[PDB]
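Quick heads-up: it's one chain on its own, the form deposited in one PDB entry, in structure tokens.
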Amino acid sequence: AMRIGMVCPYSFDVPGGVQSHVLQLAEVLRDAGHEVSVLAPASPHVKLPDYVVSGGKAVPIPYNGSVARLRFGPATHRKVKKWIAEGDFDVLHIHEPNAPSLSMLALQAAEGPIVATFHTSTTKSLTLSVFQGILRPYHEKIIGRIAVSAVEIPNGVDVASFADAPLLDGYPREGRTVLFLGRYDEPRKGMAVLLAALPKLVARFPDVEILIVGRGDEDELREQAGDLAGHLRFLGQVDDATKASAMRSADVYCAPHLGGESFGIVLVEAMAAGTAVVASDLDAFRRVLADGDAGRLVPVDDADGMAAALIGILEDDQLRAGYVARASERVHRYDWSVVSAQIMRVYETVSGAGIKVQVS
């Protein structure tokens, strides 16, 4: 039984891959009998387990010449030190130690058995001394290093949570349903590509629904869709259980991203749910879908290609069933059962009898 301290650099107020990774990992560890405490920025808009501690709020920097938009004040520095001093941790696991970040503040404040996970291409570069710049002395305090895609370990999901989620009332729809999940106002999420494919999709599937999960300006999007707006259904930013149900209820999950640096955990969620994936040919997505074995890859920012792919998947039951089968086999390697074991081996490696994380 270990005492583990974890640091998330991002508020839980907004959904994100790093945020969900840290909370779920904490839950998995506690279920195995370990003690976990999570430090993260102020998250007053969501309900959180009692083991989450607020590191305070990053406030805007009020002057020109900064190298960041937001900064944690002196209260945060004090909170971080107190949290470490009182935590008596066997391991400190920090996520995304970008500078400046709450994770880097924790790294500066602490020493002892420290592990870091690098979630993106940008933070993976920090495994190299040349990219650590004048923060080298702090990066040198990291004892174990995990790259999501040092040791490589993929981010985890609870497969059963998706596989066995209840269907939403009224689903599956005879008219078919394409699911989009994300903050659709952000251009990088590629809602614009799916909207440009919509006329061809509706011509072939006259009763099709685009089911949309995530926060954004629904009225602007409807206006963009013009006289096809009636094919759009918005759930808003729903809880995790509803999201899982939505995934299972859709006939296809569409991931039309124009770019990004993440692992692509939403594709894994769809695979777990038993829902066929059509995705942009991004490196991260190609890996999850085993180079097209476990889902359909479409060239990036290609609306005609995206329509063909979505129409193709909905029209060919054999093909769709094949992707789902290969995906359901594949996705077990991302389950927390398997993934958390790999992470614990790193914890074991960096820790040792009578050694604790302490304040620097």
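Residue numbers count along the first chain shown, from 1. The term rigid core refers to the most C-alpha atoms you can superpose between the two forms while keeping them within 1.5 Å. Only residues modelled in both forms are compared. First, how it differs from the form deposited in another entry.
- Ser125 is the only residue from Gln224, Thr242, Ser125, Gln237 whose Cα shifts by 2 Å or more between these two forms, the rigid core being superposed.
- Considering only residues present in both forms and aligning them on the rigid core, one finds just one run of three or more residues with C-alpha shifts of 2 angstroms or more between these two forms, namely 122-132.
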The other form holds:
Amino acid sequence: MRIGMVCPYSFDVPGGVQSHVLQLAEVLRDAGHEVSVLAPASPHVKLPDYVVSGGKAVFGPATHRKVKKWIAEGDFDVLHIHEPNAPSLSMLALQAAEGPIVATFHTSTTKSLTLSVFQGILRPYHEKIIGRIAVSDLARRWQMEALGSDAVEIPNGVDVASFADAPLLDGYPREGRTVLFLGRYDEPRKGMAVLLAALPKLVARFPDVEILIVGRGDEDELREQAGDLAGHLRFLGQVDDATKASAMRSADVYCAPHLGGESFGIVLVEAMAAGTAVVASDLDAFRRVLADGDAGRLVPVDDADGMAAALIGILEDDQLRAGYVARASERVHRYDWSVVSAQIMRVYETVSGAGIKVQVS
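For comparison with the form deposited in one PDB entry, provide the form deposited in another entry.
Lone chain follows.
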């Protein structure tokens, strides 16, 4: 097979959809298939040669050309579009292409927004999606009620072994014990304010605790906020994946205090693959990943009080952790690429057949 993929976000900047597309392309290639990945200009990163630029948003006429040239010349057995919102590179591809088309819907909020977007004026285009992949059972039931046609649930994958066998960072694990936070910390939905609010309760318990923070942000604004406790924060910046795996394995707890805007809990999955106990915010999607509290500890949503007690309980009580890490290590196989690439392939195969290529409208 020849798979064309579309990613609507730049690879300039880490993110769930980007990381999915790149990782999925590599896996399909490891498996013999040809992949071509289309994405917005990504000036800043070393991308493999099968990543193809769609030009940069400001999208203009050259991008509409480029999408059409790519499709028409690509000879693709399957076009796999991710997050086809409107507008976006993805929706541009969906409008330009005819034939074996598969889409993965990474984000969702509600039944309401799913019915209306799928039943809306973009309906003609959504009806061209032959294989629909959703990342939860609910999102899925939402698209089946919207368009009256089968969708499938496939959780996004990870490389479970690349976390598992990550080397610990210099001088880790820590005596004063360490907690990991990973994300664009100055978006409130990512919940840094909660972990901030619980920090005093934490520090009183482990005077030598380190809050190890991965991701881009205003370090100053947060430092000044942590007031007295700013010394306990250690910022890796926006680090590479090898380092992030290392950081994850070398932490004692992974904390996901998000407030919402999360359709799938992938960082959680990453912490489970590393063997770091997870403590998490209890958004519908996080509950699914921690399987109702059997594979990680869940905490009410905007509650720094509960969050402290939670991390405190996990850190001091070894047996409990061991059990979380054991139970979660077992469950995390469900998310590994070998499982998930299979599920996607079956979708690619339902949708394709000898002689049928993707074509320009």
